[PDB]
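Enquirer: Residue-level listing of the chains:
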Amino acid sequence: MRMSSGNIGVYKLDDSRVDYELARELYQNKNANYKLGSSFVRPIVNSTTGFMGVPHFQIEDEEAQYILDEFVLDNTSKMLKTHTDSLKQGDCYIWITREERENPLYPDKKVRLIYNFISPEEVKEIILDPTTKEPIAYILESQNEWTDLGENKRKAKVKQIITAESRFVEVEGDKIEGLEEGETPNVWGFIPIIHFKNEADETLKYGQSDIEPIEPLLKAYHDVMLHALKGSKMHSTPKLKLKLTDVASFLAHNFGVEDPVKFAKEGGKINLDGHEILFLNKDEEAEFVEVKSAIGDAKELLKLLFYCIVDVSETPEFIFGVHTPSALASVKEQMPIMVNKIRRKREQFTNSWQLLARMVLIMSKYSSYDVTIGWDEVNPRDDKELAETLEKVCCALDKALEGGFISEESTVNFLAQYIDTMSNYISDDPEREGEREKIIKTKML
Amino acid sequence: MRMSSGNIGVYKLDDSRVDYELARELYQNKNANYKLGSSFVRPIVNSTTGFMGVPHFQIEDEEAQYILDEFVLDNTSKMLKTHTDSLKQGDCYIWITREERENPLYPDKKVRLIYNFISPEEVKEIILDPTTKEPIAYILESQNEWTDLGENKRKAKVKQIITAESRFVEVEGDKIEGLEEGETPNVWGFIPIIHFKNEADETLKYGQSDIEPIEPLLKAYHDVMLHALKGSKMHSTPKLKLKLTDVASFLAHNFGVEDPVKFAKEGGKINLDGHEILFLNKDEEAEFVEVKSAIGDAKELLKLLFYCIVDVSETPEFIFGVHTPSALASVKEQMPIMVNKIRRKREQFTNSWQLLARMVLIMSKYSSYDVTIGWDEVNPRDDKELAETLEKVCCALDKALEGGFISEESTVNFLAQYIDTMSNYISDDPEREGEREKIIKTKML
Amino acid sequence: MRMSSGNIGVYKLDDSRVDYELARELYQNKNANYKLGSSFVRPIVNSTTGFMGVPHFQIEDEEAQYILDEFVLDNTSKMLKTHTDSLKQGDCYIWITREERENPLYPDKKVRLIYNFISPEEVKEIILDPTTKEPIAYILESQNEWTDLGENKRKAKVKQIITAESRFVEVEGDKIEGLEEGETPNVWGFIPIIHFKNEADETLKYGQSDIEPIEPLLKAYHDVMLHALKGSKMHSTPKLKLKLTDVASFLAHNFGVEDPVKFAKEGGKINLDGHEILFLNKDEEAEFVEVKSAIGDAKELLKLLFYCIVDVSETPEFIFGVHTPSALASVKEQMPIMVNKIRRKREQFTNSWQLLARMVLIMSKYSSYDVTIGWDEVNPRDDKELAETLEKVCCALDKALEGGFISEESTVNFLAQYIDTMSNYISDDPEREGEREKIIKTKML
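Chains as they are written, first to last, in the deposited numbering: chain K, 19 to 382, 389 to 469; chain L, 19 to 382, 389 to 469; chain A, 19 to 382, 389 to 469.
Excised from the complex, chain K in its bound form:
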């Protein structure tokens, strides 16, 4: 709606968070208030995170490219889990750490960069620069309950302040060997934590889960489903109604129920087999008390709520094709809608991935530290069609020779793109296959 120019309050940033425990419960269908309704959460989040894939780090420096290739080779699955965590929870925090420990399971890697997840509950507070809004300190806090290599239980409340100039850590409880209390300097002068913020908003400090828009619809769907289930349980089975001359005599004679009041008080049950025949007198009557529909219009309301859920999440209908088998007729026809959604969604994380690649390069000189994020194919391209258009361009070239030698400039780029498309396996997330194939080719020659 509209409003006058005045009569509007001062802008204030929101520090509210996503209630990550509830989001995880909805994702796993565990919350009792959403069990019948939260069935839609998993397909939405998982289809969205599967179709967007993982970033493909691209940089023009050969050494930086090699470092990023090694990093993705190590942590492509962790990147995909970062995507699905950000979608489910709204916030996901990635901590890059460098460990020089020597252990015999990794004799080939003296120094390793670790892709550590900080659970969003651990981040008690983020201290932002009031002007530039970038973080200047992360207040992590966790309750570590663990067991010693002996038989002793252990507990410790660890809070650690992570800042660009140093990191402080103090534990309130049992000793932890790997963490040294007190302040220790931070080797690089930046915070090595990356905040992944799904559905980031300029008026919000933290991200938003993809479940948040649909959550009231899930609640309504659960309520309608539960009401329908209870109504059917109570009334779907018709009730036999016997209008008897003497109810007590009939019960005593036919079921041995001598005291029906006590029989009802104790919840007694009359056993029936189905193949019964009724011998009544003239005045008595037997009839079934039956409902035309114990559910009423709950089916239509659930269909409307399903439509609203699909609209809000913007899920293409083939994801929910069991509801609407028409969508399964042509997935390729609907795939542009998925491409549009994934295009919109990938931009919410590419800046974070550029920051992560920049920090990885710094934490391990290079002519450039900027990275461009490539991506997996949402709608896979036909390699045969690519070769067809390649040969068509080639035969178009080498004719009307006044055009100059930019034919080489065009064809080298086309060949590079063709190799990228061909070597990247459609059904395998990331581009580890292409990197390892290049490495094997370099080794074998």
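If you are wondering where the hints come from, they were derived from the structure by calculation, not from laboratory data. Treat the hints with care, as some may be off.
Unchecked claim - Each pair of labels, with its calculated beta carbon distance range:
| no. | chain 1 | residue 1 | chain 2 | residue 2 | range |
| --- | --- | --- | --- | --- | --- |
| 1 | K | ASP406 | L | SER184 | 55 to 63 Å |
| 2 | K | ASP406 | A | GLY339 | 27 to 35 Å |
| 3 | K | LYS251 | A | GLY274 | 51 to 59 Å |
| 4 | K | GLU118 | L | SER391 | 17 to 25 Å |
| 5 | L | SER267 | A | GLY274 | 22 to 30 Å |
| 6 | L | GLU426 | K | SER391 | 21 to 29 Å |
| 7 | K | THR342 | A | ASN289 | 53 to 61 Å |
| 8 | L | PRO122 | K | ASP406 | 26 to 34 Å |
| 9 | L | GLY200 | K | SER391 | 56 to 64 Å |
Said to hold, decoys possible - Residues of chain L placed beyond 12 Å of chain A at every Cβ, according to the derived structure:
| no. | residue |
| --- | --- |
| 10 | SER23 |
| 11 | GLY24 |
| 12 | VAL141 |
| 13 | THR149 |
| 14 | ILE179 |
| 15 | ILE180 |
| 16 | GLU188 |
| 17 | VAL205 |
| 18 | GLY207 |
| 19 | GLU220 |
| 20 | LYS280 |
| 21 | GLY286 |
| 22 | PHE306 |
| 23 | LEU373 |
| 24 | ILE380 |
Beta carbons are placed, not taken as given, at the ideal position from N, Cα and C, and that holds for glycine.
Following the hints, complete the assembly by docking chains L and A onto the known chain K.
Expert: Quick look at chains L and A alone, frame taken from chain K:
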């Protein structure tokens, strides 16, 4: 839902575990509280585990590649079983052991690496490093009840601590010949156990079964089915109602029931056939007491619960095409949904497979220990189309010769991928055929 | 479905068995409690065992390959029956024995390896190594009732211990000429028995039948069908109702039933031809007492149970296309589902087949004893398409000659694959046709 920045509890890792016995019972349709509902568990789990196949270990060192080829040749089926176990139970544990025993059944393989399964119930406790969160000890425990080669029954409670520096085993009860009590050194400085964690989450210590999201839906489906079945058994067959002048005399004359009270008390049955004729008085009446529908709306509710189950598991609709025969048509059209699900699912295990391959290589010097995991094709490629695009690329090359000799770098990689696509049989799990074809070629030359 | 870390009992191996007699009765539709329900057992097991075919033993040693070719030539049908038995019963035991007896029916084969089945009931107990869980003794027991070549009946209770170091046999009854009583040495120091274990689980000593998951559904289907059939038999035929002024006089005049009580006591029947005309007085009435539906909703419940059975067994819908004729229209479209199921199923037996081939090779020096298990085509390939892509390979090669002489390496492997896929007849189980074609080529030259 949202919440304020404050008023949030401290993060704590969850040590809860999947009820493995219940998970197996649901998988095998054995639990009486889920028999009519747990019919969906098997298609979900088995379609997911069969479409993802088994990993293809790739490494640039030829010795490491040969070792991994031998390992997959020996233990490819156990890896598919590991996938199935991780999906069904949430947790699967693989113990790699090296055995030098000489037995006549293996005259050649003097030394063997054994792919042993630790049942998830055996793992009494996992001791984690409080900082790095990696396991530093595994507390295994099992009750071994067995028969001696004579006639004697044997029972022994064995618990063994498996640590990176040594392994300790103590057995209470009868002697076990193959296990030596007390501590013995660990020849390898790392724990040789691999923890396969399905649906791993940063806030969880153990994996989640694929049955957990659908379990309440399975329970509701079972309840609705059982209620419908009981209602139909009670009321589907219509009941003949006779309004007689005198019931007792009618029963005595027509069925010889001289004492109807005792007849009902003992549960006597009146034998009848379909062909009958009723001779009644003018005042008497005979009628059938019948239900329009003994089930009511349970069919619609079961349809809704089936939709919820299919949505939660994200199973493509052709898996349950008997419910929806439209889904059976155009399975290739629905394959991208399966491809997406398998893409997302394979990343929960690839890191564990990298660890397993690394440990196998260390257990059996190599220039590298990093293994890249390939995979079976979900939507198999057409060999003829690969040949066509190979020809198109080839004729595109050898023209506009200013491009240089990088055409070798593209065509050799394409030929490698091409031979990989051919030698790997689509219908056969893993790549045993591709490895042994090369081995037979090397032998025969 | 979750549980806390503690409050879990110790792991114990389960030695329950599959009730093989009941499984065979269900397979043969012989159990009276499953006759109307067990109709689905045969198509499930037989489709699964027929589409998976038999193993193709591949080894790189020419002599070992020849030995395995002879073995499969002898025992391909027994191998397929082993698959069927493992699926039906859960357990199948194969005993490889070597006999040097001279008989005139086999003058060409002085020494033969016999593929003997041990019925799973014969195996009283399997003694396992408590640590490695490999069997160390098989306790076989059978009641041999037979006839002498004369007129005498014979009965003997034979139990034999089969161990790696020796085999013991004792007979409690009549003499058996072929079994020398007492202990005898084992020529090879391994047990010559192979245990085929369908649906093997780490927590189960024995295998599981494919009937076990569906058995409660079969029981429910039988119960619903039997209730429906009895209800229809009782009530489908409408009952003629005559409201008469005097029933006894009517019966006496129209049917000669002078004493209706004695007529009803003896179960007398009134003969009717269908073409009757009723002459009544004004006060009397005649009407048919008829049911709208004697079955009620049993049809819908049976459809639901059929869907559950198809889901549990994971049978592709074209196997039960009589229920759903839509499936039959697109069998080729559904073949990927069958391929997935069969690919998953084959891995449960391939280790046993590798062990069997290894034992066969040992029981008859070789450079290698490891065998790779090939398989029949589930979705058969088109030979013309294979030749087409071969031509595409050939024209792609011999161009851009810097690639080297690995064209030979690729093309020889593809020619071998083409010969394999061409000579192996699709409609004939196994590869005996290709083996004898090669043998005839060698003989005739």
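Enquirer: Against the structure, test the hints numbered earlier, and report the numbers of the ones violated in rising order.
Expert: 8, 12 and 22
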